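Take a look at this single chain, the form solved without ligand PLP, given in structure tokens.
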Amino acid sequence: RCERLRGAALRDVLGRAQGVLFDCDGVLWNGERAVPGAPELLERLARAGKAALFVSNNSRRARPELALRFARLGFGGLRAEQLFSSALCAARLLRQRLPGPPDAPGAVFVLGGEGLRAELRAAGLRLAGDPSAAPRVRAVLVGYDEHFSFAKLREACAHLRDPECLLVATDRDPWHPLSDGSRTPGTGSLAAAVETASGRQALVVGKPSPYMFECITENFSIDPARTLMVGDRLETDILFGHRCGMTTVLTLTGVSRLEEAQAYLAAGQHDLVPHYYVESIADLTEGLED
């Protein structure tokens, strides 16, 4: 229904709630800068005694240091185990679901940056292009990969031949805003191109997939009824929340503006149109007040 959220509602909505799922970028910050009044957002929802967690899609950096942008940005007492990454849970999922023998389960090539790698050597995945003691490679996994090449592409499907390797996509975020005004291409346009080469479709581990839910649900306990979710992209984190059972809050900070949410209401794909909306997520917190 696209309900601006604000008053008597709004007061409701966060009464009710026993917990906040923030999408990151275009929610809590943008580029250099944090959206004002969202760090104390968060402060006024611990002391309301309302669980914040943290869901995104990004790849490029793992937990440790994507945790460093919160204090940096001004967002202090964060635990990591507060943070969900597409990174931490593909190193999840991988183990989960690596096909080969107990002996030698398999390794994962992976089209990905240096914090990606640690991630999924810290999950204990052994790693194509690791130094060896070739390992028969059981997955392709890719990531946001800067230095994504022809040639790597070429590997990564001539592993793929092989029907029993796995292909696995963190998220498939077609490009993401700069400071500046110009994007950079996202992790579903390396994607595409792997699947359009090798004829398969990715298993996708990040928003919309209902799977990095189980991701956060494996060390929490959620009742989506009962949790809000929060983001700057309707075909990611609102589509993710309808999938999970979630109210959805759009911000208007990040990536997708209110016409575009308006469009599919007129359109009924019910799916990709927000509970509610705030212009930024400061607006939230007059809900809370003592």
Given for the second form:
There are 2 protein chains.
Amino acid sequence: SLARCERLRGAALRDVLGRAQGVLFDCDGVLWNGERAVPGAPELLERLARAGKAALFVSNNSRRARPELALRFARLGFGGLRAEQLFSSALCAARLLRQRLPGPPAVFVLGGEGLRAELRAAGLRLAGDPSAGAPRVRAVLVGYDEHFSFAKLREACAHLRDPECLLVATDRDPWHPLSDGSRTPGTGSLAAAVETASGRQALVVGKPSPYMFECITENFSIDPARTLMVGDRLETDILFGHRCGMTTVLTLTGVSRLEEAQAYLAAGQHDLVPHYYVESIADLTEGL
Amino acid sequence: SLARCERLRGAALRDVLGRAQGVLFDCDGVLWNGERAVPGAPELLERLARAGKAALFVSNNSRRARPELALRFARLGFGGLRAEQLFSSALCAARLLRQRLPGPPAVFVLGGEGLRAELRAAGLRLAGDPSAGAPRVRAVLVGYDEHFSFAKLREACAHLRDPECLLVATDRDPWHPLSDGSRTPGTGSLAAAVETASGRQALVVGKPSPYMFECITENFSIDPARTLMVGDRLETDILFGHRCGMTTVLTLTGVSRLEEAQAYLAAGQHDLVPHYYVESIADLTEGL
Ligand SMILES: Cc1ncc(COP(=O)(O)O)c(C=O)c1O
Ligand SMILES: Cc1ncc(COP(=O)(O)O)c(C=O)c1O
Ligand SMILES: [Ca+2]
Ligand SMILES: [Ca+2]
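Complement to the form solved without ligand PLP: the form solved in complex with ligand PLP:
Zooming out: every chain and molecule, the one shown earlier first.
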């Protein structure tokens, strides 16, 4: 495996960025942390566009439907983006369900309103939507649900008794660091509860699952051999890149540490090793 | 390993029961299923007592403090028992916490009122008990919590940031079958959520953890070489027996199936294989 966790700089950086036809960016810990843009991140993106390089964005965040996601970008300084460049676990979960729901021509959702709006915009019928003056549930979708409860968990497991009812999770991120240094439970903790209580394994929509890449490649010809994958999370973004055959760059502004990446290297766990790293994605700009 | 999953009957049954000085019974799926006693179970216990054999009871149920547990037994036909014969994950979690709480001379609890009463009766201070006109949390205890919520999960994880704060679970049972054929999420699903979101591994109080046996042996001299362990759950009661060096008997009135036990045998997973099985514990009576 080519993954040696080398600091990317100099002529190698110019070489790597030169040959790349495109860049896939993970979002949180990469472009920004909370309400603060990573300094130099907007400029990197302006300069990518100008250098004729394709930029796409992949987030496991299931809380915003695409229109609200588009607004977060521009607001944090990332101007002139098309909404078609933005891929989240919410959008892709909606598409996956449209593609795989069984039965002849409803989804029980653990998640918020952004997630639900996204699902409705894809044409899906949700349990808890009004009746026709009581539709069979054919998928349980686990997303980020701040109103997760034991009753909703028991309800999910009830639907799951039917072995033809699908189980899908938006993502398995276990938690996410917040501004003040605290963490919030991720969808991966809710997924774990649903899986344990039901005895089922969930289908994962988001990184590090190939499906996300499948979802991105339906609208864009992107050559994985010529695309960089940039993220802050070893078990999510880096594993994802390796699985899609992309060159992976870990940035150190987010969840994972350089020492963790090196430890994985030492242990020969190569799919969890980035090909390159940078302190922040501001460092990629000089290679253009 | 001596675990061959043999049907226990005849002269072997008389031999096995003859040499045994005592019997440890798991409760649900063994003595009863819901509100219905297993026919012949009360008689088995009357006859054990009369044959001078010690009977003890081990349940992972964390919902009843001991006095309410004692009442469930008698009511379902199991008369003349001492409360000292009854061990649950609630009682033992209380003892474990009294023994291991750090700091110089409070517990955040996910669980119901039975569990809390048990903890208070052991002298423990609970978060959410009134202040002294705001005590440091030194353990998070995960029990069966029908009011589990995302907010309580985030709260648990907050306490768990402190690496000296303990994480304890009553048990990992994933779910439990109900009367009407439905299942209810178990503590194991809530534990899984807390562990995933915190990144911590919990200390498990109940079967199949040795601690339960440790807890039972503090008041009783029981020779594990001469004690039968009887239960309905391979990964809980049978594994538990093997770990405590007891002779294990699987009864088929509960969660696990004979075919699952045989499959484990076939795969050489010996700690998940009962030494013996019976259709119901009523079949043990004739060996006395
Ligand atoms: C609910 C949720 N999911 C996922 C993420 C992170 O997604 P990503 O880092 O892939 O952009 C966040 C980060 O805040 C989040 O809040
Ligand atoms: C919450 C809970 N825990 C555990 C159990 C079962 O415990 P055991 O089979 O060890 O007696 C039950 C069974 O109903 C239960 O409801
Ligand atoms: Ca990220
Ligand atoms: Ca049982």
